[PDB]
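Produce the entire structure from the sequences given, and follow the hints as far as they go.
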Amino acid sequence: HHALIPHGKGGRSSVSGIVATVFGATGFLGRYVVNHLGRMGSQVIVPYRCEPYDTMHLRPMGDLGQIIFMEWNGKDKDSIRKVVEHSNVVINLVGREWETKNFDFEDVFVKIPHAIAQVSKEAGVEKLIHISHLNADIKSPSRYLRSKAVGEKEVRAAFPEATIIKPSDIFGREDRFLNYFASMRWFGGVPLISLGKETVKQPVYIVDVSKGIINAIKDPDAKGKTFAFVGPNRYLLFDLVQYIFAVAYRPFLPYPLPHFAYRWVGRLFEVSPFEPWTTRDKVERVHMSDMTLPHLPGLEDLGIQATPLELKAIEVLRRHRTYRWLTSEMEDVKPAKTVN
Amino acid sequence: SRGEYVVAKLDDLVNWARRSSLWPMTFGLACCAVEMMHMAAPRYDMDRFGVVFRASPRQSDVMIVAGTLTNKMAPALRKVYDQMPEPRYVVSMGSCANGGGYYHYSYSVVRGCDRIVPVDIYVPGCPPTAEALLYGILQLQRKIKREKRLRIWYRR
Amino acid sequence: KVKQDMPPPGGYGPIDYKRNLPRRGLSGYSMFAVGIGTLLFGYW
Amino acid sequence: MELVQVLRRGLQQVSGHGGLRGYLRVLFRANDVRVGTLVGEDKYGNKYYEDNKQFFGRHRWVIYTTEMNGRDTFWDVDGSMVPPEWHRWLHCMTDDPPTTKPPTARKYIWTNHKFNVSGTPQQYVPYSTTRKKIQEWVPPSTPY
Amino acid sequence: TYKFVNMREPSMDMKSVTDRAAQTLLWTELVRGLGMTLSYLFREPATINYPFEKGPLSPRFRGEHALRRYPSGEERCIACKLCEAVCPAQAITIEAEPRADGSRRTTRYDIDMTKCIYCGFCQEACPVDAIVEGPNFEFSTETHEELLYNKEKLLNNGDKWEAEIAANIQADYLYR
Amino acid sequence: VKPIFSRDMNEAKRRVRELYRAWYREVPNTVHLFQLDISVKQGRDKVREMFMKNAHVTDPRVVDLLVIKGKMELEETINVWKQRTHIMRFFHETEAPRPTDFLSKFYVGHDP
Amino acid sequence: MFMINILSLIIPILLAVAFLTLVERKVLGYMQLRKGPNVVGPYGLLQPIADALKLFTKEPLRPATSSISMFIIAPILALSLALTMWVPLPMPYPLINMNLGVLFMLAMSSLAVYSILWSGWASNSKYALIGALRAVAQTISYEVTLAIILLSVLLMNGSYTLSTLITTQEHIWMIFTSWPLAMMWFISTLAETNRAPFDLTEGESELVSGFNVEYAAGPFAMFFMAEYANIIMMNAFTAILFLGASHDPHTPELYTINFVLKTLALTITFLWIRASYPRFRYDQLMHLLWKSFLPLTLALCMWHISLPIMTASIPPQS
Ligand SMILES: NC(=O)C1=CN([C@@H]2O[C@H](COP(=O)(O)OP(=O)(O)OC[C@H]3O[C@@H](n4cnc5c(N)ncnc54)[C@H](OP(=O)(O)O)[C@@H]3O)[C@@H](O)[C@H]2O)C=CC1
Ligand code: SF4
Ligand code: SF4
Ligand code: SF4
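Protein sequence lines correspond, in order, to chains L, I, W, K, H, Q and r.
Here the first sequence is numbered in PDB author numbering, starting from 32 and rising by one per residue.
Here the second sequence is numbered in PDB author numbering, starting from 41 and rising by one per residue.
Here the third sequence is numbered in PDB author numbering, starting from 5 and rising by one per residue.
Here the fourth sequence is numbered in PDB author numbering, starting from 1 and rising by one per residue.
Here the fifth sequence is numbered in PDB author numbering, starting from 37 and rising by one per residue.
Here the sixth sequence is numbered in PDB author numbering, starting from 43 and rising by one per residue.
Here the seventh sequence is numbered in PDB author numbering, starting from 1 and rising by one per residue.
What the hints contain is simulated information worked out from the structure, not anything from laboratory work.
Some hints here could point you the wrong way.
Stated by the list, open to error - In silico DSS-like cross-links for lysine-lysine, where the CA-CA straight-line distance does not exceed 30 Å:
| id | chain 1 | residue 1 | chain 2 | residue 2 |
| --- | --- | --- | --- | --- |
| 1 | Q | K124 | Q | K83 |
| 2 | Q | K44 | Q | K95 |
| 3 | Q | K83 | I | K112 |
| 4 | W | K22 | H | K51 |
What the hints assert, rightly or not - What follows is a set of in silico ranges between Cβ atoms, one per label pair, in the way DEER data are often shown:
| id | chain 1 | residue 1 | chain 2 | residue 2 | range |
| --- | --- | --- | --- | --- | --- |
| 5 | r | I257 | W | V38 | 26 to 36 Å |
| 6 | Q | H152 | L | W217 | 52 to 62 Å |
| 7 | r | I96 | L | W217 | 34 to 44 Å |
| 8 | r | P295 | W | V38 | 21 to 31 Å |
| 9 | K | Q122 | I | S148 | 37 to 47 Å |
| 10 | K | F74 | r | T251 | 45 to 55 Å |
| 11 | K | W110 | I | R155 | 27 to 37 Å |
| 12 | H | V67 | r | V136 | 27 to 37 Å |
| 13 | L | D107 | r | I10 | 50 to 60 Å |
| 14 | r | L111 | I | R42 | 42 to 52 Å |
| 15 | r | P295 | I | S148 | 53 to 63 Å |
Think of the CB as a built atom: it goes at the ideal place given N, C-alpha and C, for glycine as much as any other residue.
Dropping the structure here:
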């Protein structure tokens with residue numbers, strides 16, 4: 032019913048034919064998803080639960096009228112119905128790495144997505160894109176990934192023809208993955224469980240993830256398929272953190288820490304009323320090695336070649352450099368050892 | 041809840057401080073700047089309202105894009121906006137800044153400052169009268185008065 | 005009858021257009037004398 | 001002395017605004033404690049005053065109503081609250097107040113003036129006012 | 037025909053020398069400037085108490101565009117499009133079709149208040165007095181789209197401000 | 043015809059080679075100063091691509107004027123007159139790829 | 001209870017600085033046919049508080065090229081030194097009574113200059129560096145003449161103890177004795193506080209903000225507070241040195257009232273000068289001080305050394 036013929040040359044003023052409701056667009060992934068949608072000419076409906084000031088950065092992303100901001104509440108289904116009523120596509124990117132008093136992991140990764148999928152199915156939205164960590168599993172130590180797996184099951188139940196994208200740690204300028212490791216310099220040495228030798232991670236660039244989502248929206252075959260988004264190279268946590276500190280040109284002092292001590296430290300930082308620096312779930316997820324899932328299709332299926340971490344690391348980590356190393360070129364630091 | 045009341049009152053205090061002390065940066069591109077100076081002039085003195093022009097972007101809170109923004113000047117405007125500490129608010133004054141105005145179809149004009157930087161209040165006119173700019177500034181102050189940062193923090 | 009905005013019959017009054025910076029103050033000798041007298045009384 | 005007269009005028013200002021409470025109310029709401037002739041008051045509640053002795057630009061002023069169109073305006077007041085009929089008097093486009101010279105009565109003219117509604121659910125939203133130009137073929141409903 | 041600024045020679049008599057020496061040592065001219073600033077301190081300030089006090093404006097003021105009607109209630113516009121033609125910034129988009137009555141009316145009348153230069157044209161150009169820049173100047177908006185006016189918005193503005201617009205046109209119609 | 047700087051194609055080729063040398067040596071300094079995230083090889087490849095775009099020119103005056111424009115651009119880059127936005131505009135990062143095959147153009151739009 | 005006294009000196013001085021900002025804004029506006037801030041609070045009284053809250057709730061930015069340690073240390077030094085200099089002042093009784101309070105104030109003023117230089121250097125911005133160098137030139141211009149004028153005037157006091165100035169000026173103001181030195185001292189205080197017409201370090205018109213161009217939110221507020229507190233403290237020093245006040249030991253309130261009024265008048269004169277005159281070129285400032293003030297100060301210092309001897313008016317040492 033809500034079908035628009037695409038018109039134009041794909042610019043800001045063109046009509047892509049894509050009407051989308053990007054839940055959780057006021058976040059690291061939402062910014063790039065909205066920018067990619069707007070550049071094509073698509074109409075983007077942004078539900079925002081925060082102050083309008085925080086959504087201001089997304090205002091220039093689209094041409095006049097393309098970006099519509101409507102306040103929504105995750106608990107209230109009627110707001111979801113209002114936001115998703117006229118959209119031919121819905122993207123759910125609502126996720127908090129730290130639990131909060133009002134909303135726990137269950138609500139953010141299970142209840143919210145299920146309500147979104149059900150209301151979208153009722154409204155008639157053609158396509159739905161849902162994001163769940165690649166490491167998501169019902170038996171995982173981290174509550175975050177456990178709720179992620181339960182939410183994936185529920186979303187598939189409510190919306191049978193729903194594309195579920197399972198991305199790894201997404202490194203970017205606003206990332207909480209590279210910045211998280213770089214910020215550990217302030218605390219002196221870098222605490223690593225087992226020194227990071229036992230953990231292997233496959234980070235993915237944020238722009239690649241957003242382009243994959245957009246291509247999945249464009250791709251007809253993507254319906255009812257689960258894609259795994261992973262970077263070109265797999266790294267040991269020790270090597271990856273060492274490369275982060277090298278590109279940041281900050282001294283690296285890795286010191287092994289027992290898992291229980293790290294969990295206690297995570298509990299200490301959870302106390303913060305504001306956004307926690309780290310959580311026990313954060314420690315568990317960092318330590319957990321990235322799963323390899325050959326069965327699922329990846330970025331190559333959607334037509335995007337994953338950008339290596341080496342190319343884009345300087346963008347994220349230059350700010351952490353001091354004045355001496357601010358102007359150092361990207362090539363000065365050799366690529367880290369890859370466990371492939 | 042008592043916590044909600046405390047958060048609401050603290051948010052009231054912060055918003056009152058921010059709206060009462062609004063320091064625009066000394067940024068004027070084109071003819072609209074002259075009406076801005078007339079706003080600073082005695083008749084509509086903006087200092088009464090707490091609006092004081094401060095040159096340094098880091099010591100300013102509001103950027104008023106008065107005048108046409110050429111493609112040459114846009115990177116400098118974005119740089120000045122970025123270097124401005126937050127909370128930061130942008131007011132677009134004049135048709136040229138709002139949507140390009142008289143020079144909309146020029147090769148050297150950005151068809152609106154919204155393309156480069158987020159805009160909070162658009163003041164229409166070419167040039168907007170100093171009273172119109174003062175009205176826009178007071179509207180921005182009311183918009184700040186309506187902000188609910190701490191309430192949202194408590195509810196989140 | 006024609007009614008345009010016209011100068012009053014006989015014209016407007018003359019408008020001053022030249023510098024009128026006034027001549028004010030005591031002579032230099034007097035100012036120096038006053039300063040020196042104050043200095044002397046203070047010294048005493 | 002003239003100083004005593006000025007102080008007595010300040011006390012007269014205190015009395016003319018209805019007492020200390022009214023004096024403080026006006027001082028906080030409008031920041032001006034002058035007392036002037038009340039030319040009139042609009043239906044919305046805005047009161048308009050005139051003091052010809054004061055210099056041009058301050059001879060006429062308006063005390064905005066505390067409640068208009070279902071909005072509490074005790075602290076939040078705006079220029080748009082001024083109804084059109086009193087707008088010309090306030091802005092000195094005319095020397096005759098609306099009470100003395102009423103505006104012409106037309107049916108289409110609004111009876112309730114609305115202030116600037118940007119940032120509110122009543123905000124104007126642009127849309128095209130023209131119907132679809134090209135009509136597509138409707139496929140037949142029979143199989144063949 | 038020409039006058040010499042500067043081009044004056046100071047007197048060298050002992051009295052004038054002493055006066056200039058006193059000016060240098062005793063800072064007379066700076067004191068004169070200080071006195072001027074003090075006199076301004078004691079003069080009445082010129083600030084007007086906006087919003088409560090509004091600055092003077094004339095009937096020929098050019099503000100928010102408005103679409104007027106006849107006293108009957110029929111819209112004055114006759115879809116001439118000459119007002120569109122004379123727009124210096126091409127801020128007016130007009131489309132017209134014969135209406136059910138058969139009259140020449142505008143199906144679409146849009147003025148982009150973001151491309152407009154508020155020149156005052158199309159008030160002079162429009163033959164039937166339909167489009168008028170009214171007295172309102174305080175129509176600031178929080179979004180760019182709010183400033184892209186529509187025929188409905190312009191007609192609502194005309195209905196809102198017709199009482200003032202008619203009086204101003206009456207005041208200035210003879211000058212035009 | 044009056045020569046702009048060169049009376050024959052060989053002289054213009056010599057000037058072009060001199061300009062290419064200047065850009066080739068300037069590229070690393072540009073990456074350092076503008077804090078660009080591209081590698082030196084990437085920038086020098088872009089320089090070669092810009093030179094190759096006009097490799098079809100066969101008229102000495104056109105080549106001389108192109109060398110003049112390139113020298114002006116090099117002066118801009120050697121100074122900081124051009125910002126990082128201007129330097130990175132040569133790399134059309136924001137612009138999406140445009141298919142050149144007939145079928146893709148047919149699918150996407152009416153453009154020839 | 002000495003801690004109570006220290007807080008009593010500190011906290012009220014900062015509030016005085018805050019309201020001085022309002023006074024300046026209103027005085028300049030009225031001297032410019034304007035009304036200073038009046039909307040925020042009755043007659044603008046609450047504007048300072050709003051400014052302080054806005055600044056301290058605003059994001060502070062640490063420049064990427066900045067040296068963080070000095071960048072942070074400089075505002076702390078400026079504010080702490082500004083508060084410290086108030087301690088020795090007799091109002092009428094000093095918080096800390098020092099035999100050499102005047103030299104202490106001179107040394108502390110010398111130390112405060114490094115706050116500007118350290119801030120400008122750490123900022124690692126060209127405008128900040130230019131402002132720091134201007135501050136260096138300003139100190140070079142003014143320090144020697146300031147010291148010589150203070151020595152010449154204090155020769156009549158007989159000591160560097162600030163308290164004894166009250167006794168020396170019991171019968172007459174010292175401005176009558178040393179009005180030329182008083183004029184040069186007032187201009188030198190203007191120079192030391194970096195106030196117009198010698199507002200070179202900040203120099204908004206010529207340097208976007210001078211040394212504080214890279215400072216935002218709390219650190220800039222601290223620099224502003226230090227500046228205004230130094231203005232008030234220097235004017236109070238002038239009032240003590242030249243415009244002496246009557247002190248009845250049984251009722252100090254009278255002396256305190258007289259002193260506060262004189263200092264307020266001098267600060268108002270500071271704002272008046274900022275409004276009236278244009279700004280000097282730092283080359284011109286240095287030339288004024290070295291070529292014009294310094295020789296006259298040397299001659300007057302010789303005169304003030306000789307005068308107590310030739311008039312048998314040598315002051316008591318104790
Ligand atoms: N590396 C990655 O980024 C990975 C991505 N994902 C998932 O994709 C998304 C990526 O987001 P990310 O980049 O981490 O940025 P954010 O953490 O900022 O994403 C959360 C977004 O949803 C909103 N939101 C958060 N909590 C709630 C809530 N309780 N109710 C309603 N809205 C809420 C936030 O707005 P507000 O601030 O106003 O609440 C924000 O727009 C998440 O859903 C994440 O779980 C999956 C695996 C890995
Ligand atoms: S909008 Fe009008 S007044 Fe303002 S800069 Fe452009 S042309 Fe000049
Ligand atoms: S006067 Fe106005 S409404 Fe009438 S035809 Fe011309 S543009 Fe249209
Ligand atoms: S007044 Fe407005 S509508 Fe009329 S010509 Fe000028 S810009 Fe166009």
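Hint check results:
no.: 1; hint: Q:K124 / Q:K83; verdict: holds (20 Å)
no.: 2; hint: Q:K44 / Q:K95; verdict: holds (25 Å)
no.: 3; hint: Q:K83 / I:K112; verdict: holds (29 Å)
no.: 4; hint: W:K22 / H:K51; verdict: holds (27 Å)
no.: 5; hint: r:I257 / W:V38: 26 to 36 Å; verdict: holds (30 Å)
no.: 6; hint: Q:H152 / L:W217: 52 to 62 Å; verdict: holds (57 Å)
no.: 7; hint: r:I96 / L:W217: 34 to 44 Å; verdict: holds (40 Å)
no.: 8; hint: r:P295 / W:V38: 21 to 31 Å; verdict: holds (24 Å)
no.: 9; hint: K:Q122 / I:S148: 37 to 47 Å; verdict: holds (38 Å)
no.: 10; hint: K:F74 / r:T251: 45 to 55 Å; verdict: holds (48 Å)
no.: 11; hint: K:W110 / I:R155: 27 to 37 Å; verdict: holds (36 Å)
no.: 12; hint: H:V67 / r:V136: 27 to 37 Å; verdict: holds (31 Å)
no.: 13; hint: L:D107 / r:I10: 50 to 60 Å; verdict: holds (52 Å)
no.: 14; hint: r:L111 / I:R42: 42 to 52 Å; verdict: holds (48 Å)
no.: 15; hint: r:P295 / I:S148: 53 to 63 Å; verdict: holds (58 Å)
Hint compliance for this structure: no hint is broken.
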